[PDB]
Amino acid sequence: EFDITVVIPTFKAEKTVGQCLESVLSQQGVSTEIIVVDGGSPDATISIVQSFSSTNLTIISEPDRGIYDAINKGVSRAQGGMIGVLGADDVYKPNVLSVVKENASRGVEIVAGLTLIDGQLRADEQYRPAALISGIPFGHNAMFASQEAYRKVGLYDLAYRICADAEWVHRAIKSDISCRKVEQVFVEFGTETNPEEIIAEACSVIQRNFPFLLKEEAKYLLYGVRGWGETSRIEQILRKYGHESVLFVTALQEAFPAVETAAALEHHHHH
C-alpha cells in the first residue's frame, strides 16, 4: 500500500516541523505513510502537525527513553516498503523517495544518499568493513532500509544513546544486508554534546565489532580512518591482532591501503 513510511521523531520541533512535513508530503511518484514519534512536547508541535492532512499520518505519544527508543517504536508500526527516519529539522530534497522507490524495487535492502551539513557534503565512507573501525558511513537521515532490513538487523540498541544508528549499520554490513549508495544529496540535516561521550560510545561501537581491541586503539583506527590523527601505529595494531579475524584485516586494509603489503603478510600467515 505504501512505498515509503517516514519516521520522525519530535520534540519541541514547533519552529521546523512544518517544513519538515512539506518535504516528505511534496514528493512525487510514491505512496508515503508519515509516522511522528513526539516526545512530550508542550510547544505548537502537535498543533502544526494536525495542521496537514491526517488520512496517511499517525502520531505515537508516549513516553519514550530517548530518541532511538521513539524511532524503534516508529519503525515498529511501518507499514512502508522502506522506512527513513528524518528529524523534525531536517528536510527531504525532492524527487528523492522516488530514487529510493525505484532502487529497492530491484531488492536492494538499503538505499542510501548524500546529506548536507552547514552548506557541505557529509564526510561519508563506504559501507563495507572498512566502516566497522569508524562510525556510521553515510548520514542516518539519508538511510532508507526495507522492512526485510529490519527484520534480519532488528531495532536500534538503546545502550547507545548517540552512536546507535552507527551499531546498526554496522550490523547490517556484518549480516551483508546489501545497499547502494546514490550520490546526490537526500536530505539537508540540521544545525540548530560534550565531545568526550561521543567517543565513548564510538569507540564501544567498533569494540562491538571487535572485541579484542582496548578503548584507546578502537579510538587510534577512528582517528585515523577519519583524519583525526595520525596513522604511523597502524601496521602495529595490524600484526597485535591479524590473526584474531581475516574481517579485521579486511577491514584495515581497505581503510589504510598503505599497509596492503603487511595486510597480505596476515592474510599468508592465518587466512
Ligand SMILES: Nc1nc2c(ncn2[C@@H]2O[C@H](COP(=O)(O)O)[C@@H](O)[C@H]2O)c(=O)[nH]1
Contents of the next structure:
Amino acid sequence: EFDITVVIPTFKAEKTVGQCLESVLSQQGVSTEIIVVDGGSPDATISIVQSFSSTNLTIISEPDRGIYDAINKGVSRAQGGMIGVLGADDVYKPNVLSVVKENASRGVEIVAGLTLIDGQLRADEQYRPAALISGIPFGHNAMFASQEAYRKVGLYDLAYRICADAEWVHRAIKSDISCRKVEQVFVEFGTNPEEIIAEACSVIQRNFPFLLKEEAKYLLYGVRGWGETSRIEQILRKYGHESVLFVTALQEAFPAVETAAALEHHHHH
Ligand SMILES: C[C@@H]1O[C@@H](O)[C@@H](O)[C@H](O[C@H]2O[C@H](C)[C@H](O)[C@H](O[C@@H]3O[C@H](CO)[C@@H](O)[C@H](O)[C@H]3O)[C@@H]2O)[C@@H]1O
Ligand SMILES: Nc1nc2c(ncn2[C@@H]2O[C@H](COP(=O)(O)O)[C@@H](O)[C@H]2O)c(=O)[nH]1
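Can you return the structure of this protein in the form deposited with the ligand bound rather than the form deposited without the ligand?
Up next: the whole complex, starting with the chain shown before.
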C-alpha cells in the first residue's frame, strides 16, 4: 500500500489545484497516494489534475451531494495507512508527510498539526472532553487519521454541510481515539456565518442532547471567548447530573468552575 493517502475534493478549483498538488508531490520520504474527488468541474480542473500523471493519483469525477460526500468517497478508497484531506485552496508545508509517518509509527491513530490562516495560527484547542462543547479543535486539513480510526469512527455525516469534520472529531474523542498534536504548521489555508454557528451548536447538542440550542451557543461563545461565562455554573448545576463527560468538559473548558464541578462529581458521579 502507501504511507499516506491525500483526499482532495475539488469543484472548479482550476485556479489553485495545481499548486495544491505540487505541495503533495514535493513531500519526500513517504509513499503517497492521491485521490482527487471532483464533483463535475466544467473548468480546467480535470485538465490540470491529469497533468499530474503520477502513478499514484486517482481521479473521481461524478455528481456528489457536497464536499463531505466527495470526502467520504475518497476516504472509502484510501489505501494509505494515514489519510489526510487537503482542499484545493490549501497547501501542505515541507516535510509534513514524513512528520505524520514518524508520529504514526508509535501507534497514534490521529496526528494533527497547526494551521496557517492568512498568516495567523488557528487558535487550536486541545483534543479532549472540552472540545465537545466547541468546534473542531484543530484545523481539519491539518489532521491525519489512520485506516483503523476511520474504520472505527465512520464516515462524515452529510447532515452537516459545514461542520461534519467537527462532528467526526467529536465522535473520535468520544470513542477514545488516540491523538497526538504536533506543534508544526501542516497546511496553509486558502460561507454565511449564521450557518456556521447554527451547525456548530447542533453538533454540540449531538454530544449533549439535553442542551437547548441557546445553551449550546452560550457554551460555544464562552469557550471561544466570544461571550461571557457567568452562567456556566448555572448550566453545570442544571445538567451536571446527566453526564460525567459533560462535567469534565465544562471544568476543563472553564477552570473557574472547578469547585462546582467537584460538587457534581461528588453528588452524581
Ligand atoms: C463565524 C466565525 O467567524 C470567525 O470568528 C471565525 O474565526 C470562526 O471560525 C472559528 O469558529 C468556527 C466554529 C470554526 O470552528 C473555525 O474552525 C474551522 O471550522 C471548520 C468546521 O468544521 C473546519 O472545517 C475548519 O478546518 C476549521 O478551521 C474556527 O474555529 C467562525 O467562522
Ligand atoms: N467534490 C466536491 N468538492 C467541492 C464541492 N464544493 C467545494 N468543493 C471543494 O472543496 C474544497 C473546499 O473549498 P470551499 O469551497 O469550501 O472554499 C475546495 O477544494 C473545493 O473546490 C463539492 O460540492 N463537491
